[PDB]
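Here's a solo chain for you in structure tokens, the form solved without the named molecule.
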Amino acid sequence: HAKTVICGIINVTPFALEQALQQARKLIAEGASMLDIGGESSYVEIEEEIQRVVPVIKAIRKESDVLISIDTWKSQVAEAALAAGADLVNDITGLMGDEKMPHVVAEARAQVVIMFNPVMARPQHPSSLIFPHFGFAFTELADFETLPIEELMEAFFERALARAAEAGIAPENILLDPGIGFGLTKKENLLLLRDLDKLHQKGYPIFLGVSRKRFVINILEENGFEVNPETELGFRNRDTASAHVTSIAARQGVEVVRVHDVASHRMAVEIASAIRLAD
């Protein structure tokens, strides 16, 4: 199969155009094969989000054929971004935050990343408390509160995939993201990483968030590594640590990794893929 694709993160802060565009050039030059453009954070909110992402996507498209993902759970943002040149929707709510999102994805013949969102699945969970509310979902959740994380992920994807099917999104256009670092305990995050192959066995490509995750940073700090991101050494250690997770992921055929620091993950991908693809 093909080596792991590296998807670089571009967050457009609410001049912003030019900074996003600078980072786009940087990540492309470091070997990103995809860019994930995000503008998050009512009609006023949607319009402001559109005005962040659409300029950037048009600008990037003029000088690059790179695959562009629009990172939004809002159908209106996705529709506008796809029209402007984005190739796929990265939906952190996995089609559960907006009932219109499946139709938008289908009509555009676009690809979609369906993220498992444990925050929406377990709103009262201790790890989810500090997160915002995603979405414009689930009935009276009681069951979800109890379920072992892998069972809950399956339950969530069953619902999300049903939504994709009644919209007519082709199965081959769907990627799954297990939602690492989104309202999960340390053990759960590690279990989901351990069991990436089980997720892959479902038959969809995996889009994996490996970058600057709190549980990984906690492994470093408890083992004596500097982790302060306002130091050169801490900043570096954080990215190297994420790149170790990419090494593992790429070796087992994960199709896409979503990352901040493309260069460090390129090292990991090239090593890991050379091994995986030895014969």
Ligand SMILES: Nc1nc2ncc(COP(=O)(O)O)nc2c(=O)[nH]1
Given for the second form:
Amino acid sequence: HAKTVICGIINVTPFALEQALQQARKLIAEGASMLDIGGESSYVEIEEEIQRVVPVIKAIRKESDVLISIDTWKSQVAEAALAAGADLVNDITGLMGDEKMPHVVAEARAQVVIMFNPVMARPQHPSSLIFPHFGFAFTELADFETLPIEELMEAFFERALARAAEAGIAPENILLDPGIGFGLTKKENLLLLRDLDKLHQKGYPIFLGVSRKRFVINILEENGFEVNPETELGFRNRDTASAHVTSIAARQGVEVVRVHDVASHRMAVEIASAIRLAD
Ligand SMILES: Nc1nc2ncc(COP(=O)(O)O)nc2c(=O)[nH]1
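Please supply the coordinates for the form solved in complex with the named molecule, as a counterpart to the form solved without the named molecule shown previously.
Then the entire complex follows, led off by the chain already shown.
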């Protein structure tokens, strides 16, 4: 198959535009084949987010054919964003945050990432508590609280794929994301990573968030590596750590990774693929 695509993260901060246009150039030049544009943080939020991501999207589109993803769970944002050059929606609520999202994706003929969101699925699980609240969903949710992570993931996905099926999004336009880092424990995070092929067995490409996740940070810390992001040493170790997950991921054929440091992950992707595609 084709080697792992690197998706570089561009978070527009609430000039902000010239700064996002600058990061894009940088990531492209580092070998990003896709960029993920986010503008998060009511009609007031929908409008402010749109006025964040839309100008950025247009400007990238003026100079580049790079695949652009809109990181939004709000259908009004993804709609403005596709109308401007975006190719796909990265939905961190996996179609559960907005009932009209499926239609917006279906209507635009777009690709979509359906992330498993365990924070929505288990709002009171101790790991979820620190997370904000996603969505404008689930019933009396009482089974969820209790399921193993992989049966849990499955149930969320069952729901969300049905939502997509009814909107008529072509099955070949869907990418699944296990939701690593989101109200999952260390062990659940690692188990889901250990079992990426089970998720491949379902038949969809896998979009993976491998970058600067607290569980990898803590493996570094417990093991004598400096992890303070405000040091050169700590900053680099954190990005190298992630590149290692990309190495493992790209080797088993994960289709996309979503990442901060494109260059360290391009080194992982090249080594892992050369091995994978040996013959
Ligand atoms: N699909 C997907 N989307 C995401 N959006 C944001 C963040 C966390 O923050 P960031 O914006 O700095 O990456 N992580 C993910 C992830 O793992 N997967």
